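**Student:** Spelled out, the chains give:
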Amino acid sequence: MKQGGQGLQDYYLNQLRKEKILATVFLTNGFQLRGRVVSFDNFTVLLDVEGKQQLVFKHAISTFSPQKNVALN
Amino acid sequence: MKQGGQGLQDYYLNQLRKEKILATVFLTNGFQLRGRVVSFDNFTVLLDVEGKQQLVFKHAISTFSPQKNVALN
Amino acid sequence: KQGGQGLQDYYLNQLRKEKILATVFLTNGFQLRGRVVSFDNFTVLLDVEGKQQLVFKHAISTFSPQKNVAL
Amino acid sequence: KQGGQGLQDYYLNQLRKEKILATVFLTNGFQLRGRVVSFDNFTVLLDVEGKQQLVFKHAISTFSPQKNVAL
Amino acid sequence: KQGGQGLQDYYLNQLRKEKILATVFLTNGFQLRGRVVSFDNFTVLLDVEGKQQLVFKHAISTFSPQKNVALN
Amino acid sequence: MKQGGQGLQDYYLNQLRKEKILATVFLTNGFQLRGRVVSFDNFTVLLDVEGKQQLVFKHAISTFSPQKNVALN
RNA sequence: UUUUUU
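Chains as they are written, first to last, in the entry's author numbering: chain G, 1 to 73; chain J, 1 to 73; chain B, 2 to 72; chain H, 2 to 72; chain A, 2 to 73; chain D, 1 to 73.
Watch out, some of these pointers could steer you wrong.
[Claimed, not checked] Computed Cβ-Cβ distance ranges for the label pairs, DEER-style:
1. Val38(G) <-> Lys20(D): 43 to 53 angstroms
2. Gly5(G) <-> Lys2(B): 23 to 33 angstroms
3. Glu19(J) <-> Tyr11(B): 35 to 45 angstroms
4. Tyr11(H) <-> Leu22(D): 19 to 29 angstroms
5. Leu72(J) <-> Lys2(A): 38 to 48 angstroms
6. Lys68(B) <-> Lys20(D): 51 to 61 angstroms
The hints are simulated quantities; they were obtained by calculation from the structure and are not laboratory data.
Backbone N, C-alpha and C fix where the C-beta goes; we use that ideal spot for every residue, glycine too.
Between the sequences and the hints, there should be enough to build the whole structure, so can you do that?
**Tutor:** Encoded structure:
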């Protein structure tokens, strides 16, 4: 079910989507996006930026900065 | 069939291609392209920018920003 | 054949067969205009005005051809 | 255990257990100073002054810790 | 040989065997002019005027050789 | 044993560690570090920079420039 | 750690 050693990432990205937490996604190119996590697979993350969809590649993502801290285990 | 854990990206890029949606493609190098998806494999995306083809490597792609939101599941 | 790179293996081959001239945009903003001689999974051999150019795919951003490739 | 991530899995864990303070240099020149909360194969979760920061490893350049880690 | 890095393993080999001098353009704009001593899957060992240079392939952008390499 | 086709890199970094050779490590982001290799696994290199430890990811490293040339085979 | 999450 789970897959070896991306527990932390799949969990974190899941809660942000589930808990509708707002986050600032920092891209590597200095650009940033503020919005909510709609969905994600292994290589991409779908964002909702004010009603608009944003398909972002993980290799372009630098940091996830959430407005609310996510509870861990 | 054949998948892996890359459901979200393969479905999304196909719909953009199927629905002939116009999208703004931001590259990692800051450059951007506005056009429509013709085809894609694992590593490249073929784009139609004003009638002209553009073979873009996914590792150069940062975000897909579509004029129309793509239907999900 | 190898799954999930039909499109790239096809496209780069056509540029090579039909001797299409292309502008190769690198990620670092640099660009090269030339013709595809050969390519394998990680590199592209380019012919830039008689000069050979071995380019790594991770450095390539976009392929912009003078002539569109048949689909 | 997993072949040849001995050094990294040990190092990042010690930073987390001993709560060593570290400056994380990103590839884009930006930096973050904080403590390791958790990490998997692709991400490192940081605590920057009470605020969480999910950082992708491909964006990280260097880990510079306030205290040297015992080997 | 191994799976579809034919072109690269051959080219880097000829440059080393035939001692052709090449300019290596790095991604960060930096460049190095020298000769290929050795290489494995992730690194290239370079000779820049007697000095060794271990370059990671992910940092390499382009190989520009002084002499064109025959092909097959 | 265990290898793959990364012969040249594992041998070289080991000798730098074994021979305690001083090296200038150029990062992709232009930064430099002068120090000695303490240890390395597949993705990271632990450096000794003026007595201080530096965990550097290989993907950030561009070139290893050693004060002494390292013996090969 | 050399072609889309170390």
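**Student:** Okay, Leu72(J) versus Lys2(A) on CB: inside 38 to 48 angstroms?
**Tutor:** Hint holds: Cβ distance 44 angstroms, inside 38 to 48 angstroms.
**Student:** Indicate whether the distance between the beta carbons of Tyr11(H) and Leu22(D) respects the range 19 to 29 angstroms.
**Tutor:** holds (25 angstroms)
**Student:** Is the hinted range of 43 to 53 angstroms satisfied by the C-beta distance from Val38(G) to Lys20(D)?
**Tutor:** holds (52 angstroms)
**Student:** Range hint 51 to 61 angstroms: satisfied by the CB atoms of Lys68(B) and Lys20(D)?
**Tutor:** holds (57 angstroms)
**Student:** Measuring from beta carbon to beta carbon, are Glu19(J) and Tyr11(B) in 35 to 45 angstroms?
**Tutor:** Roughly 23 angstroms apart at Cβ, these two residues miss the hinted range, so it is violated.
**Student:** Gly5(G) and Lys2(B), beta-carbon distance inside 23 to 33 angstroms?
**Tutor:** Roughly 31 angstroms apart at Cβ, these two residues keep to the hinted range, so it holds.
This entry does not satisfy hint 3, going by the numbered hints stated previously; all others are met.
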